[PDB]
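Colleague: Work out the full structure: start from the sequences and follow the hints.
Okay, here's what each chain looks like letter by letter:
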Amino acid sequence: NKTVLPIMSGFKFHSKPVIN
Amino acid sequence: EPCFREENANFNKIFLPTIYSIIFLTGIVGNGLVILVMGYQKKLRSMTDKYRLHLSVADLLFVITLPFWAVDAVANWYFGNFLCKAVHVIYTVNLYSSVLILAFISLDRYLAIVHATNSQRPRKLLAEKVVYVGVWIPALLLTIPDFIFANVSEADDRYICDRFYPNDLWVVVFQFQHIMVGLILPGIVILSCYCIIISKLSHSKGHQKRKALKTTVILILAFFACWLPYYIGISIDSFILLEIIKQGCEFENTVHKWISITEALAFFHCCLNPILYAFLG
Amino acid sequence: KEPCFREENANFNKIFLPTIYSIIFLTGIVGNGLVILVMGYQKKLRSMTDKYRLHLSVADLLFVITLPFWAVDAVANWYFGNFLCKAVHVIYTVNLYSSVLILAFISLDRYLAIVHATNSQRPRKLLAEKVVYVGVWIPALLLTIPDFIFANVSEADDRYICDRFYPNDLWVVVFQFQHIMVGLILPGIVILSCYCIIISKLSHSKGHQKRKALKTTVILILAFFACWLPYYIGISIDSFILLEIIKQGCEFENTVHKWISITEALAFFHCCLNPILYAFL
Amino acid sequence: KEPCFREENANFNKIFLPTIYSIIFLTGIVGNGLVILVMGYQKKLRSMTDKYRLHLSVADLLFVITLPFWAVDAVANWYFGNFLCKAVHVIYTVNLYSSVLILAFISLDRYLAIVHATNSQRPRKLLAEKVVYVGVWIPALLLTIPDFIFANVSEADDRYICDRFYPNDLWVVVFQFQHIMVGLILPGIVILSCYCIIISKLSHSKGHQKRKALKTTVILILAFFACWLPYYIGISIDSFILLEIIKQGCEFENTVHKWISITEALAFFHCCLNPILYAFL
Amino acid sequence: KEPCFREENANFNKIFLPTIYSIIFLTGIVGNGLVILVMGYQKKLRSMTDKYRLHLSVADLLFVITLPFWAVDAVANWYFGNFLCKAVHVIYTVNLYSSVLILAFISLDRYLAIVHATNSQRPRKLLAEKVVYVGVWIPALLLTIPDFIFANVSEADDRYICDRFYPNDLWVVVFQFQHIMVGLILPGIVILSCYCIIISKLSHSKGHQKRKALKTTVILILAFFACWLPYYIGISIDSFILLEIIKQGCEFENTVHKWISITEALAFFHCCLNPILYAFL
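In the order they appear, the protein sequences are chains A, B, C, D and E.
Counted the way the UniProt record's numbering counts, the first sequence spans residues 300 to 306, 309 to 321.
Counted the way the UniProt record's numbering counts, the second sequence spans residues 26 to 306.
Counted the way the UniProt record's numbering counts, the third sequence spans residues 25 to 305.
Counted the way the UniProt record's numbering counts, the fourth sequence spans residues 25 to 305.
Counted the way the UniProt record's numbering counts, the fifth sequence spans residues 25 to 305.
Worth double-checking, as some hints may not be accurate.
[What the hints assert, rightly or not] Ranges between beta-carbon positions, derived for each pair: (1) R146(D) / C220(C): 35 to 45 angstroms; (2) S217(E) / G306(B): 23 to 33 angstroms; (3) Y103(D) / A141(C): 45 to 55 angstroms.
[What the hints assert, rightly or not] Below, computed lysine-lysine pairings styled on BS3-like, alpha-carbon distance capped at 30 angstroms: (4) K67(C) / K234(C); (5) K239(B) / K317(A); (6) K68(C) / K239(B).
It should be emphasised that the hints constitute simulated quantities derived from the structure, not laboratory data.
Beta carbons: idealized from backbone N, C-alpha and C, even for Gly.
Modeller: The structure is reproduced here in structure tokens:
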């Protein structure tokens, strides 16, 4: 499972992990 | 495609503090002079100047902590959770209060132009009493989710202060509420009111005495022309977050650069009320 | 002779087409609705130019109504199917020819009013009431038959874009040449020639006050042609980069295909331009 | 020490040069045709400034009518031969010298009209009638003799490029320095000296109206010099990287050779601005 | 940690710095020579502000004389030796401090003229006649001994670049902070306090015409600070790059060092500004 910075989900600097 | 990366341009770490400092300087002089001229020495005469005083008060509140955004554009947020929450909550209350003041300006102009004879009591009533409970009280009660959710991150890089949400759907509904409160509903109200203004003014072409409509029209048009591409950028970002626009991560980087640059350029409505006061335009 | 790499639009176009489209759509629907509600419902027209300007505003409103489909085609790809794509392209071509034919009729009306200032009043009413409809609209709907039968949606790899499709590049070249002629050359020579007799016969007067009624018309015509000139230059260069007259790389027509889209966005301000000329004088 | 480092793309130049060339060609042909049609046939002109403005419009007409060859040279290469290339270059050189010596004559006429307000009405008439032909037009035709014997078309890789060609670089720097001198140094210091005496002798007047006609002339002079200054800086820097002084930049040579083309296209706007000043006051 | 990743200026900087420098030098020579020749030799000054503007024009002319040395240093590298580099740097620093101290004196004169309109007639003549020299020119001369002792040329690979060289970066930081304070903070605070006072005391007038002469002064001061603001922001960010206060990278340092040169060229417009304000009203 590829991961990103965990709870960085906001108006700016928001990402999304890729599920397997 | 490992994940979605984050990168800020090196030109946006110098150009954005320049824009923030320029807007902060012209906002602090213009709103200080407007407050010290109208709200202290009792110079204001027309009914819209009370609304322009309220708009300048909210403008001063945003401008006085615009230097924290100027520091955050080039440095990291070493101020704290209290300062991050305070900067976010007064940015939100200024951004909603200015919109609601402009809606009240258009409403006062509609009440003055269309109901020219039998409207002197409700124009004054809109000027003093209900303006607080219809502009500030919805703005203060509409920013308690900004009070709760906004936090400073403890990531090892850049220490970002932002409105932090649990999942990606919360960002979507808050951006859609942001659009529907800032642009859509007050734009509909302002457009309908000004359509009725011109439709009832074209019936009265035989007398031409008043031109207080031009100042409010210029102010409203300049405000919406300043704030429009930021709303376009956050609408495109919100529709990106629905997995509708699957056009790559580079598009989601270009959008996030556009949003930041256009937000810095859309902060230029701080020098809109006092610039129009100085120009008498 | 097979470039086939004309995609991805560099993503700044994908952020700049929708902002420009939304800005032009908003100010176009506001200005054209205001102009229609003033001068078609309340009979505020006073001069013979205002009837053709009302026709121009009708055509611009008809284009501006389906401009958000162009904005959606800018952000995402086409999802509305075949009939909406056909209607969008048909009324885009209708507005694109009708505005230039209206401008040619305005210049002909100004020539008849200035040069034949004594015996041409009933020909002016004939030019403004009866023959104007078959002058502007009948060529406009008649020139959309290739748009009616040639605009389809490609059954593609999950994109389904809306554009007019042709079996060979010769039809593309001849229709771009027809666009070049009917949109720039023959109305351009007609307008320039009639304005040449206008300027030749204007200087014989002893400084009359009929000249200031021509300033708005020359501002409208010059700003319209200054808006549409780089797009016509781009499509002429694109018609030459098809067939085999010029060939200087696979990247030159990748630059041209970005220039055409960007300038086609920037040349839609002619819908924005006409009520701006009514805001001032 | 690599000699050349020749570029190959020239992407945005071949799409921005012909758009600028077509805009300048259309506006110049319309404005110069109108100016010649009004004060060359109808004899509208009154002052002696308008005769030299008519001569300037004649030179601008001659350059503008050959400018589409420059547009074709921007998009395609030269397909016309040696004689058309020679004619294009001799017309461009004649116009380029003729405009600046005509402007020097205008500034000298203004100096004579301002400071010699008593005994100079017949020398101004002689200046407007007889001596101005051997003043500007005879040296303009005399200064393009090496252009007449030096402008040929070479045999590149199926290119046929039209440019003036020289046996060595020493002739290139010598004629570039000669063009810099006769285009900026001597008539520029003549105009500057005449305007210095005009301003020095104008402060003794008690608010006279005769300085109102100086504003249009100084706007024309300032617009011409501000148009032509980046091209003069670019070719001065090019003649300085020649003779092995600024040889350390090989990408710098391409940068200067693109800057010269771009600001030469922008400096060809001096034909556009002379009737633009006539449209206003 | 290592700062040795040095990137030179781009070729577009080497082609855009000399054009800006030559344009600014030409308009500075023309305007300041005309202003000095009219109101320092022909006794044309009437208001007390014009003496200060004559002093500002003298300082700007002194800088504009040495500006072509900066144009040469932009094109090629410095070849004039120690003494001309020292003279250029001392003249630049004298002009840079003298313009802002003179403008602070102008704002103080405006406050002391309008607020004290009954008593202050002898103090205005005293302020603009006797103590003005020890007010602006003596501190500008006293702030140049480290400029006299610290500026020389280095020993590079046959380059000999003229710049101020320091034994350590702490002196660079403290001198940049001193320049920031003397150029923006203290005279900015003085100008702001005086202008807030005269604006607050100007509302008590009965719609007098005494603010008609205020507009040129506030336009000059606002345009001066708008010219010099982004250079001050760039050098403040570059000062905070040192002391390890902000550490983001070396490409960021190169971007700020490019921004400083471009904005210094754009901020050298303060010599052009006073004659442009004099040509208009």
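Colleague: Return the numbers of the hints above that this structure violates; sort them in rising order.
Modeller: 5
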